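This document opens with one chain alone, in structure tokens, the form deposited without this ligand.
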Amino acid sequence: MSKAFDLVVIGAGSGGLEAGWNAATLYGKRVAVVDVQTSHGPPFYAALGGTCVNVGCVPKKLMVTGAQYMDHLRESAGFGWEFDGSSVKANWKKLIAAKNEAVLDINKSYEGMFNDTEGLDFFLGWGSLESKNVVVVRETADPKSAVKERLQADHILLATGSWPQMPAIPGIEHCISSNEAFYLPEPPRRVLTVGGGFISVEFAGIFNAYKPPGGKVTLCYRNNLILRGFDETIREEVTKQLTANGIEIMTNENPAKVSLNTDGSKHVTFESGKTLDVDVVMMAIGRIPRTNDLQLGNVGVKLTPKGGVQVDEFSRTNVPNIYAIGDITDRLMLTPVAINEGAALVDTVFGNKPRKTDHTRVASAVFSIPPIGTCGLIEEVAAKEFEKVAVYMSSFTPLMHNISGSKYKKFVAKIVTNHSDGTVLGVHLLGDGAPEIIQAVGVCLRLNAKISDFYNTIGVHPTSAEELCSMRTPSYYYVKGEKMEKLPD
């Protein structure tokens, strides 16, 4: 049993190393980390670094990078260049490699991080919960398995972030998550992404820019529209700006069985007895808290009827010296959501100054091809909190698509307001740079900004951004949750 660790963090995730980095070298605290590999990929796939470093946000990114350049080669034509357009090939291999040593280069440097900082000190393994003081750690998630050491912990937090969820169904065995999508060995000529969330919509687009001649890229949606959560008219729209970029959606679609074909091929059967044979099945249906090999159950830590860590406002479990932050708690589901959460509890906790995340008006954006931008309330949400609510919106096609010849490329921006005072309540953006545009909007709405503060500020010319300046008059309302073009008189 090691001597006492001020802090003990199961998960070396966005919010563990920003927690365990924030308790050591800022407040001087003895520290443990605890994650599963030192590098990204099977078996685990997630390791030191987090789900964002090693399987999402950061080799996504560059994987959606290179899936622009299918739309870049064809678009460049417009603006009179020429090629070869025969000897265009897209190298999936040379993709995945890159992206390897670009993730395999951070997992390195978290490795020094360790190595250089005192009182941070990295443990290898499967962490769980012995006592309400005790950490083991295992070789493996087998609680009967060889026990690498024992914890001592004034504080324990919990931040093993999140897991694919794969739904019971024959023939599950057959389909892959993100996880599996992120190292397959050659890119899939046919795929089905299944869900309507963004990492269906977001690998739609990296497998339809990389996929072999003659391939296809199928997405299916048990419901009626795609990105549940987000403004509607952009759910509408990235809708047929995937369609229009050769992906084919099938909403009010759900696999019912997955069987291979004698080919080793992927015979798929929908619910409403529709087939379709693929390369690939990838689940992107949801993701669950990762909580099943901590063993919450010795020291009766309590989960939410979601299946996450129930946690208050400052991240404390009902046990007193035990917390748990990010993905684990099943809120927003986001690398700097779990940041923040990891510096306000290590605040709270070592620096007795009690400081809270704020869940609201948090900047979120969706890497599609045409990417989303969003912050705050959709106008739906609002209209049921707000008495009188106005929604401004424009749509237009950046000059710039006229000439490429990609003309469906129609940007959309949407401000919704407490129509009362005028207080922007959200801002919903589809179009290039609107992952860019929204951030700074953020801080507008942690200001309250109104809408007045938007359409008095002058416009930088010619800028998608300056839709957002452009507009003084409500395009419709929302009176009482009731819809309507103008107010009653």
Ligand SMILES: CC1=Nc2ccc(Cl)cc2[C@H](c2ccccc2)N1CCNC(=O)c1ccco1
Second form
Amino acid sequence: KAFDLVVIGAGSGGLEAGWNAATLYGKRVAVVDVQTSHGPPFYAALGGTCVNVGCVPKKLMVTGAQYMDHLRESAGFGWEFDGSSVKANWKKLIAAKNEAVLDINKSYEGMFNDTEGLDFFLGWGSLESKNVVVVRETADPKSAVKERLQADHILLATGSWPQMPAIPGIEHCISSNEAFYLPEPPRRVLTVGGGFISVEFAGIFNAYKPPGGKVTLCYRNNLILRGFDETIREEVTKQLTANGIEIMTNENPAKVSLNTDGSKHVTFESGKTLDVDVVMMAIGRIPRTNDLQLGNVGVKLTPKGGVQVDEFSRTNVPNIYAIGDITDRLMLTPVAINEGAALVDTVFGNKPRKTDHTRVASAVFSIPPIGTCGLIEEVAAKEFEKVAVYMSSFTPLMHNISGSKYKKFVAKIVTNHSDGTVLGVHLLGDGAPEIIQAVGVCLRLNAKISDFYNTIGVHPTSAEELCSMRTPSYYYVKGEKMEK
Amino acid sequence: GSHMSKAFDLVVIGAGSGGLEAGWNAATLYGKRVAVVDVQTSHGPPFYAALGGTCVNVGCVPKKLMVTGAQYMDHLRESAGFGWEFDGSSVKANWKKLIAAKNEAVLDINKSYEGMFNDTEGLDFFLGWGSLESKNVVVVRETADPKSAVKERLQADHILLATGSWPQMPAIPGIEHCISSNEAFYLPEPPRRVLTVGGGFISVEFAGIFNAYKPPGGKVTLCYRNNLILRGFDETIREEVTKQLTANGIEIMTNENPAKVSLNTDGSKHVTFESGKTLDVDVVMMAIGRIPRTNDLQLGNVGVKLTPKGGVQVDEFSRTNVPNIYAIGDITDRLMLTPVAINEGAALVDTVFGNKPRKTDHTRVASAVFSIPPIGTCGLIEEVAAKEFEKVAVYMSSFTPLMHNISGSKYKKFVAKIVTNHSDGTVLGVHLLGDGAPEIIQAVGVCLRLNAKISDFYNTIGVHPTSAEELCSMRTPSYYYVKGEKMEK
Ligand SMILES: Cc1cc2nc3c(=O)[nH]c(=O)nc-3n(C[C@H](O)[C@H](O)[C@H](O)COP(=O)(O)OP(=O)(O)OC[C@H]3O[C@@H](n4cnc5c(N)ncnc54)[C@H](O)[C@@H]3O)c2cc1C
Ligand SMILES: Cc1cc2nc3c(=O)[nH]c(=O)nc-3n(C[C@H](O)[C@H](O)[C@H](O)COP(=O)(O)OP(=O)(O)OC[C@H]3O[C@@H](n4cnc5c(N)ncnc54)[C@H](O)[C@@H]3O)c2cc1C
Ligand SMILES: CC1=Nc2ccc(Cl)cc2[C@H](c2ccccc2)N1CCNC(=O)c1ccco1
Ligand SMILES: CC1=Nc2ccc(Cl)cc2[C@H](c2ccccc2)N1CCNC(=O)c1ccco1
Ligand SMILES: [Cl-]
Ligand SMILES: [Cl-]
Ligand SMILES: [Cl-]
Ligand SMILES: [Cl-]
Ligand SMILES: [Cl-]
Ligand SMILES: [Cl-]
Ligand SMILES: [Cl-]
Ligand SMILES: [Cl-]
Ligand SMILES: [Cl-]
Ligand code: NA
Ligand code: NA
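May I ask for the structure of the form solved in complex with this ligand now, the form deposited without this ligand having been displayed?
In what comes next, the whole complex appears, and the chain from above leads the way.
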């Protein structure tokens, strides 16, 4: 048939857009994805990346990894049990996680079957013509048609995909997609990348590794987590190191060779070499524009490969839009959901609406975790004459007793010191992703450091630290960092 | 001949949350000479509170360490769903190691605060019992008995009453066979059977603590004289916490109140309730309330007025009816929270000795209950809002989060409620039940001070996946109050 909306990709942005359209505006909706439940061969599926091979499973797996610390820390509070009997059963975790994700898949299939004006179609979506969306048997454009769908408006929402550098032996490496399905936990693993996915997986592999195991993370520059607060980048590095993860900075794989025993011999650009069981490449993610045949209608892409869009998600082709990681702005699930909701408002609603990409709160589920919203001091120091930085950094008391003395909680607020406006807040330590959520609301109300400081603390919490700081630790004046 | 009393700009009676913030500020920000009196320099019996106050010695700080310890019962069980394996029959909760660990942690804070007195010019500590001899004279005596020897007679321009509160022990037969939270912190063994009496945060928290450490075959029971524990808290939350305590094996007896306690011949306690019901326990912990600790201060010497309830009456600036005598913290019977006593102490010193007169805002204060899982709350419950606002909206989200399907703790429903003035969207109250609630609520306290509306919450982009994001994903009320009445408009 024909439809008001055809959505390519049943993901965060797509499922949101295609549900608002059918339930808030009774529109006729088609949504195409390549698989109806998680895992190989195509990994993402109905629900999107986040649901099948992203935020949702990774969080359950980091929750599993945190028991390594809980079991050990328990002793400090007088819990006694046979330490030598402890094992981390990876196969149970992955089976548990598989069932959880499968239940969400089935449940999203429920909602298709029970909603009129919202139809899901299995297969590979491409642009045949200005208002025709083909669905083929496979990603091969030469492959058999399953459907041609007519559509007023077409939404491009096919997400992103791991970036695999084209070094010799790249094909002996996995990405996070495969990481979710390893049948054994690796004894030696190299995670390649200094960003959140590399870090988060290093912490997961670190808890589930067999006896004698070792996690090594490498990164081509000097300090991991570029784009995060610098004190926190250094402190997470120390805390990952304290929990046994080896961090190799200033190193980059130039070649991977397969050993006869299935292991990998990694050669670095420096000529250093390391043998491991698994190389997980997590150096970035790229917009998933390749199989869409965007040539067939001349939809433009940026120097970086992402669908180019204006503030309202419109491509250069009338009646064709793009939201989510395909656009290459902020690769976060709730950003994509916001974009998709706003699109449908601006197209079958009365009020135009655009997604604000500033002041978006986000989290790294490292162990210990990170919670941030707003500008880091070095970005602030370039756009503002006077910047103040309020910092508190204490190993909390629970962690003196636990034995995890290396677990410092870090709280920083960055301000425009001229009028006291909070430019950014950056947290490291247990609960940080939860603490920062309503911080994002504050930054929307143009909170000042005195609005924080004058709110009465909840005690005892890590969070109250944010309402106890009234004196700057230091400043940037005209870009120059200084004491007073 | 005669010689001079030690003289101060400020004498603070009670070295606790409020008194220490006041004393510190007056001395280090405004150059005042400050005396601070407390009955002990470190935690524990005979007097329990000490240098640092109730929170440091026998309140928030040790209790949170004990609750963290109690949480490992759940973690060790929950870990099995994520694939952790170990010998479950080897598991034991060693109460003695917990108490030893917490004592050490509290003693280091006591030592640290004493070092701060020693290092800080114009800030002096006095060990003993402080009382008002006259409008500008504080005397410190050997014991709480007003006839015990005077150790020091202090000249004081200004006097701050900051002696806190004390457990309320009902006048029933066998009350002397009961304890309070004070003694709970020092039990040599974990009790096998305990009754916590009261339905407020202290009874509830200690019920979870004793539940985790009790020996084989033990039972924890909490009773409350009324229908539903945790009066003052959101009603959905009160009912969920009740269910979640029950699920973890605590016995909740509502509409029951002890009428007497007798000692059994084995030393256990035989509790008879008003209703005629009875219960045998090893420990009866009375946690039915805390009363302003005004009795040893000899306030009649100077005519400081009490309220009908027994707090020192003060105005919005912490002034009593007697010039240069002030009262902050639990002794004033407003909100008994450590950071409120702190805020009162800062505001009072700013007003008296600074150039910034200021009063504490007791509305929209965030607080927590360290139940397992915990409560975080800030602002009005809906039944209070409905009485003051013509249209009130209630946004509710509730569900067992996914980790807890996998963990096996399916009774663990997260609840998030936002209560609004519906005529303009202003958030009046936010109520949370679930893991990390106390941590989530802190920045909510800031939102409310900025008069955030629901539309600010909803407009903010979620952090995924968190429980906190539920607050930013709610756009349609679950129901309303229209002049006092519940419906969906
Ligand atoms: C390991 C990992 C962890 C992450 N963790 C977080 C986190 O904690 N928090 C957070 O906010 N974000 C996280 N993200 C990012 C988040 O998953 C993405 O930002 C989000 O899913 C983007 O949504 P989308 O709508 O743009 O696309 P997706 O949710 O990726 O959906 C795209 C869909 O299109 C389908 N598809 C692709 N091509 C076609 C085609 N040609 N025809 C039909 N269907 C097609 C795919 O099967 C996929 O289901 C994580 C990502 C990864 C990889
Ligand atoms: C078990 C328990 C748990 C608690 N948990 C929390 C929590 O998690 N969060 C929270 O915010 N609040 C909590 N509180 C409450 C918090 O402890 C109090 O609100 C706070 O300590 C009150 O501060 P204050 O300055 O009034 O007095 P306190 O901190 O009680 O200090 C008063 C001091 O005066 C001393 N004193 C008394 N009489 C005399 C005298 N005549 N002469 C000299 N000194 C004297 C006492 O020794 C004491 O050290 C808890 C309380 C209890 C009992
Ligand atoms: C609103 C919504 N947004 C989504 C955003 C991103 C994802 Cl990955 C999933 C959803 C989800 C959904 C699930 C199936 C089809 C379309 C949307 N979904 C549906 C949630 N609501 C209900 O199922 C519901 C049932 C009854 C009333 O509302
Ligand atoms: C500001 C403050 N407020 C308190 C509020 C409540 C309590 Cl219970 C304790 C304090 C603490 C303090 C500790 C000793 C004497 C007076 C104040 N105290 C001082 C903490 N120490 C410092 O700020 C410090 C010590 C050394 C350098 O800075
Ligand atoms: Cl395994
Ligand atoms: Cl890299
Ligand atoms: Cl760098
Ligand atoms: Cl990446
Ligand atoms: Cl967290
Ligand atoms: Cl014991
Ligand atoms: Cl009671
Ligand atoms: Cl009641
Ligand atoms: Cl009480
Ligand atoms: Na504050
Ligand atoms: Na939102």
